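Given the coordinates of chain C, work out where chain D with the ligand should sit on it, guided by the hints.
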Amino acid sequence: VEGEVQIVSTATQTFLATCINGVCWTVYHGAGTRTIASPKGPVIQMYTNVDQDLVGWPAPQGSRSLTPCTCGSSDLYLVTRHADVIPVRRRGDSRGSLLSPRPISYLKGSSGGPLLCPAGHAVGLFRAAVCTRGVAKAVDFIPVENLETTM
Amino acid sequence: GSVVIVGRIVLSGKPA
Ligand SMILES: [Zn+2]
Numbered sequence: 029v030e031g032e033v034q035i036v037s038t039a040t041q042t043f044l045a046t047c048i049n050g051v052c053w054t055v056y057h058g059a060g061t062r063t064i065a066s067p068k069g070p071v072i073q074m075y076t077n078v079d080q081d082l083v084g085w086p087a088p089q090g091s092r093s094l095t096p097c098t099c100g101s102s103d104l105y106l107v108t109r110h111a112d113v114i115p116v117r118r119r120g121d122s123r124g125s126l127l128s129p130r131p132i133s134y135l136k137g138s139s140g141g142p143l144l145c146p147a148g149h150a151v152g153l154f155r156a157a158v159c160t161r162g163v164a165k166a167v168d169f170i171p172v173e174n175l176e177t178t179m
Numbered sequence: 021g022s023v024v025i026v027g028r029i030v031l032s033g034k035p036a
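Residue numbers (the authors' numbering), protein chains in the order written: chain C, 29 to 179; chain D, 21 to 36.
Hints are computed from structural coordinates only; laboratory data are not their basis.
Certain hints may be false.
[To be verified] Capping the alpha-carbon separation at 30 Å, the derived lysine-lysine pairs in BS3-like fashion look like this:
1. 68(C) - 34(D)
2. 136(C) - 165(C)
3. 136(C) - 34(D)
Extracted from the complex, chain D is given alone in its bound form:
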């Protein structure tokens, strides 16, 4: 199988 990326976290809370 493969590891897929389901989401991401920005530690600074950057909205941009």
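The shape of chain C in the complex, shown without the other chains:
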């Protein structure tokens, strides 16, 4: 079985990476310019865009890529590091509102994960949780278009 989402870790933190179109993407605030481990040694990033808070390495072993969304839906679904699916209503180019706010703890460790559309295709990459007193009611995400463009 191959996975589209990788649960990754650095010495300091744990987060997620998502394979889209042959590339393993994640948030620059989690990886930085770090290289990714492989059994033949570390492999350097293929893309790095601090502005978009995006980095990309060649897709790793045991993974499969996600297909970018093309339906244009606003009913998104966030997948957490625990495999939980959270419905999100898209509010704009890079933001959506949780249909049911969750305590921030529920979304921790998930940056880099995918925002999926009704067809399970990639809409964007979860960037950051937008909190209000410890409760995550919305999220910021990097549109797949930015990834497509970076490539």
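Chain D with the ligand alone, transformed into the frame defined by chain C:
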């Protein structure tokens, strides 16, 4: 340092 893969998630729930 290096980013290591600690686990994986299959979106379809495929057991195989
Ligand atoms: Zn779609």
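Status of the hints after comparison with the structure:
At roughly 28 Å between alpha-carbon atoms, residue 68(C) and residue 34(D) fall within 30 Å of each other, so this suggested pair holds. A hinted pair counts as satisfied when its Cα atoms are at most 30 Å apart, and residue 136(C) with residue 165(C) qualifies at roughly 13 Å. Taking the CA atoms of residue 136(C) and residue 34(D), the gap is near 25 Å; set against the 30 Å cutoff, the hint holds.
Violated hints: none; the structure is consistent with every hint.
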